[PDB]
Amino acid sequence: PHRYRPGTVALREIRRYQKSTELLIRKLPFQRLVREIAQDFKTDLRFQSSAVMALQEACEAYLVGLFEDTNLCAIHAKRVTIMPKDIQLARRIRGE
Amino acid sequence: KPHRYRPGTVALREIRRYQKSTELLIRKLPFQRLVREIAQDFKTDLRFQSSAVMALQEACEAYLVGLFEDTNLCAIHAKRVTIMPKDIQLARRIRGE
Amino acid sequence: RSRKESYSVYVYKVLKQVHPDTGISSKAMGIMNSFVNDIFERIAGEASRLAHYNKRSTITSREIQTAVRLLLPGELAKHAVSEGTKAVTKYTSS
Amino acid sequence: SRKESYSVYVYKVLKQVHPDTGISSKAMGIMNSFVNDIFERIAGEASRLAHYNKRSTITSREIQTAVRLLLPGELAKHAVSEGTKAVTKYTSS
Amino acid sequence: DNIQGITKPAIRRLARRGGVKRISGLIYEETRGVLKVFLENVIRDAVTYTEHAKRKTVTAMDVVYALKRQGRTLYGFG
Amino acid sequence: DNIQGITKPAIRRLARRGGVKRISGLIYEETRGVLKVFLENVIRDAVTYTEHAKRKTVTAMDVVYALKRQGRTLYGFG
Amino acid sequence: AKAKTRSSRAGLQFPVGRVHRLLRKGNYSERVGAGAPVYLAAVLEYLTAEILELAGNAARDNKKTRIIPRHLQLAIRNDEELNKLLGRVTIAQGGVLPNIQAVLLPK
Amino acid sequence: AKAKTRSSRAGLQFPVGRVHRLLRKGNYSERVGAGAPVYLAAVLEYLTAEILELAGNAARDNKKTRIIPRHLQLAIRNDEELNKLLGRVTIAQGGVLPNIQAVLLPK
DNA sequence: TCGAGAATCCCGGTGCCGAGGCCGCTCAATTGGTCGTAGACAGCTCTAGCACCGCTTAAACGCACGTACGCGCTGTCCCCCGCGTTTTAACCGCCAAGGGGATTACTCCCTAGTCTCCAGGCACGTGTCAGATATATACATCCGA
DNA sequence: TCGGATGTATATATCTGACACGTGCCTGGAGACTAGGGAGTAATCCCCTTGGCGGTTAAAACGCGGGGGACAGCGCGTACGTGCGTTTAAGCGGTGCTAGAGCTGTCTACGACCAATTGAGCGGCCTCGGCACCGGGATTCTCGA
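Residue numbers (the deposited numbering), protein chains in the order written: chain A, 38 to 133; chain E, 37 to 133; chain D, 31 to 124; chain H, 32 to 124; chain B, 24 to 101; chain F, 24 to 101; chain C, 12 to 118; chain G, 12 to 118.
Keep in mind that a hint or two might mislead.
Claimed, not checked - Capping the alpha-carbon separation at 20 Å, the derived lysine to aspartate or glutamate pairs in EDC-like fashion look like this:
1. B:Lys91 x D:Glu71
2. C:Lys74 x C:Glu64
3. H:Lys108 x G:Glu41
4. B:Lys31 x A:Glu105
5. B:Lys31 x B:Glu52
6. D:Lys108 x C:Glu92
7. A:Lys56 x G:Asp90
To be verified - Far from chain B, some chain D residues (derived; all Cβ distances over 12 Å):
8. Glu35
9. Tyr42
10. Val48
11. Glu71
12. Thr96
Because the hints were derived from the structure by calculation, they are not lab data.
All C-beta atoms, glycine included, are put in the ideal place defined by N, C-alpha and C.
From just these sequences and the hints, can you work out the full model?
Written as structure tokens, this is what we have:
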């Protein structure tokens with residue numbers, strides 16, 4: 038009955054995803070999300086492909102930074118898991 | 037001696053009083069001496085205006101009270117009431133400094 | 031020999047316009063002057079950047095309007111835009 | 032559409048510091064954007080210093096002060112030395 | 024209906040890149056809300072930048088600008 | 024030395040204004056350290072500002088510039 | 012013939028001439044439009060009127076007829092939008108608004 | 012006419028003439044000194060040389076002879092002064108320097 | 001909940017200096033005109049974004065199982081708090097002085113501006129090799145037997 | 001714990017599209033000269049910043065009793081990690097169409113420049129009213145039993 042103990046697969050994923058530099062959020066759903074968000078600001082707006090790529094890159098970098106900060110908060114609170122209070126305090130300290 | 041205040045009540049009165057007011061907390065002369073001593077190693081015998089030291093101390097106090105505030109929030113998040121140096125160093129790390 | 035420049039008379043006029051009788055201390059006067067200067071500098075810098083962004087050389091009404099919509103929160107931006115447009119059209123009506 | 036950018040200069044300085052290392056197109060764009068951003072930052076600081084000192088010109092002193100304000104310690108020292116050397120050698124001609 | 028399109032595995036992958044071992048199940052709603060707020064702000068800035076230029080296409084240049092004006096600049100796009 | 028100029032009661036009052044009930048022991052050394060580093064940065068910027076203008080007295084308005092450069096504006100001084 | 016000031020022409024109180032001169036001599040751009048100083052002065056006047064109305068309300072709350080930096084600081088922070096606009100400035104004689112956390116309260 | 016480029020006159024690699032043109036056209040001040048573009052070109056060249064040497068090292072120890080944005084971000088973040096200078100900068104197509112907190116690691 | 005003890009809002013009275021109004025002076029904003037050009041507008045091109053259509057397969061979903069641990073609870077020990085008592089140096093007031101910040105004048109000379117000339121850099125085109133993929137092999141390592 | 005199996009680092013073939021380099025051209029940089037206002041330099045003043053002395057008192061420093069809190073240990077039941085089968089739709093590659101960005105020509109209204117001027121705004125003085133400060137005492141908390 039081969040089975041990896043919890044945590045090891047998480048560590049492998051963490052190392053593999055920190056070593057890599059590719060784009061994580063799927064492109065098409067993010068493009069649709071951006072189009073919907075911009076739809077209520079202007080009628081029938083158009084978007085350049087490079088603009089959507091820049092939006093995705095900036096948003097992913099911001100999320101990675103926020104998750105790193107909230108992981109710091111979690112390991113500060115004597116635990117290894119993150120819950121919404123952690124990211125809430127991280128945002129509040131960051132000055133959102 | 038009867039009627040000794042339990043810890044926390046005096047602290048609560050002090051915190052309410054100092055939040056209500058807006059006077060100067062850091063003593064003027066020690067801060068001015070400190071800033072002169074820390075600036076004398078950047079340029080020899082340079083002079084400081086009184087309003088310059090006043091503005092510097094005001095910015096000092098504002099930054100320090102903001103930090104504390106944030107570190108008190110962080111300490112509260114850790115199921116603690118008292119701030120610890122871990123809290124300030126983590127708050128500084130999150131603030132990017 | 032001194033010709034220091036400040037927004038004291040104008041902020042006092044607007045204060046007496048909104049509140050019939052309210053004093054402003056010297057510290058509050060300097061604070062309001064600094065706030066006015068900071069907001070003006072921010073809006074002017076944003077308008078300058080916006081003029082440089084389309085190879086244009088004129089700071090016009092649209093530049094400051096977009097700068098206001100950029101640097102101000104929602105309700106504040108809407109109210110400031112309405113007030114600025116009203117002032118501009120009143121001036122041009124003369 | 033004669034778009035202009037710091038394209039050949041970054042490559043030249045790279046081939047000067049490293050003989051065979053190449054730069055990809057994305058790396059070229061990143062380096063060009065970084066050069067543009069740093070130049071704009073230093074120019075803005077110099078302009079603020081010159082205008083807010085009741086002066087009307089940007090000289091070597093203004094940019095030296097701007098680069099001492101912007102860059103961190105060791106980078107500021109080395110950049111100031113390099114700029115002074117370049118200005119002195121240019122004036123010597 | 025579409026904000027959900029940023030699904031749970033994508034959030035988990037982003038967090039793993041961020042450097043966190045375990046993830047709770049209540050964080051996905053919060054991170055989707057954070058995503059929506061941040062994208063609303065940045066896209067509003069980009070949209071008004073385009074509206075100033077009498078354009079209908081949000082170019083990448085104005086988006087990166089708007090990010091820079093937000094206080095979080097970005098390279099690799101000019 | 025001269026870093027003990029700010030004292031234990033003074034830091035206690037600063038923290039009480041900041042909104043914290045109880046205070047540890049090493050907290051004073053940590054706050055003195057962070058205060059020293061922040062004041063060193065601001066004083067370096069202000070001293071360079073007053074050095075550029077061929078002056079040997081630091082006016083308050085330089086200090087205002089030094090604070091503004093570090094992304095912390097100050098009001099009531101010019 | 013006639014010296015009708017431009018500030019009264021626009022129906023304002025802030026100096027449109029002074030902001031025009033500042034824009035022109037502030038090297039923001041090569042040239043400045045005619046309506047640009049009027050728009051900028053109107054925006055500045057509205058912002059100042061809003062912040063001063065809030066400060067005066069706060070002062071009247073504290074049974075004082077003189078606006079002081081404490082009242083301005085309180086009026087800025089209590090209102091959410093002006094707090095967001097001025098969220099990075101440190102007002103002299105600030106005295107941050109009272110705030111005690113729920114857990115810290117005795118029980 | 013001798014036709015001696017000013018960039019080669021100062022012994023630099025960056026275009027001092029183009030920097031001077033950008034300084035003049037860019038609304039910074041009504042007049043720009045002669046040594047200012049030389050100083051700016053020297054500063055830009057030194058910064059680019061430092062960052063490119065670091066990125067070249069990060070490429071060489073990665074068994075690759077071509078710099079990619081990942082190598083540039085690794086060079087920027089690994090150094091201390093550059094990280095302080097480029098603090099708010101987000102590098103497109105770059106990743107993140109690998110790190111794992113001590114607590115999260117297994118026993 | 002019911003007692004005394006302390007801490008604070010409220011009120012009245014007195015003084016004080018800072019804000020508000022007034023005065024005179026000036027310099028900068030307004031009138032009016034002239035003139036060069038920035039861009040508003042119309043017209044055209046044509047790169048590029050959008051919608052569709054189908055195929056493939058990576059990725060997300062749902063569910064079952066286990067177990068790591070987040071949280072609650074309790075015990076301990078310690079360590080800041082409150083408070084009383086001693087010490088010290090901050091602060092206020094006053095007095096001297098001279099460093100240099102701010103101002104004005106003058107002359108040098110640095111740089112904007114223009115004309116002319118030419119070559120450095122850019123758009124375009126083409127070779128070619130650095131590296132991305134795939135297969136096979138050997139090492140790191142993980143979790144049990 | 002050694003050991004089976006999983007994942008990952010390493011060598012080799014290969015084929016591809018992006019990078020490095022050559023080429024023509026033109027627009028922007030450079031050589032040279034002018035002229036005009038910025039500022040470097042020189043005095044001069046008086047503002048204020050440094051320095052020092054006396055007191056006086058608030059606040060810092062020290063020390064002790066102790067109760068509340070930080071932290072470690074332990075139990076538990078749940079929420080999340082991990083893996084497998086199913087479902088989904090993202091990503092791939094073409095293909096067509098046109099809304100709209102980019103470029104070009106023009107001519108006109110709009111903003112810079114400039115002489116004159118006059119009144120809006122600033123420097124300085126004066127005054128009284130809003131506010132700081134002290135004494136009384138009623139309310140509002142806090143603590144022990």
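Here is what the structure says about each hint:
1. B:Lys91 x D:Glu71: Judged against 20 Å, a Cα distance of about 18 Å means the pair holds.
2. C:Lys74 x C:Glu64: Holds, at roughly 15 Å.
3. H:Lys108 x G:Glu41: 29 Å, violated
4. B:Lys31 x A:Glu105: Since the Cα atoms of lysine 31 of chain B and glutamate 105 of chain A sit roughly 18 Å apart, the hinted pair holds (cutoff 20 Å).
5. B:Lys31 x B:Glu52: 9 Å, holds
6. D:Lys108 x C:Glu92: 12 Å, holds
7. A:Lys56 x G:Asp90: 18 Å, holds
8. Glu35: Non-interface label on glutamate 35 of chain D holds, nearest chain B Cβ at 29 Å vs cutoff 12 Å.
9. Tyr42: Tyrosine 42 of chain D clear of chain B: closest Cβ-Cβ about 34 Å, beyond 12 Å.
10. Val48: 30 Å, holds
11. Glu71: 15 Å, holds
12. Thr96: 4 Å, violated
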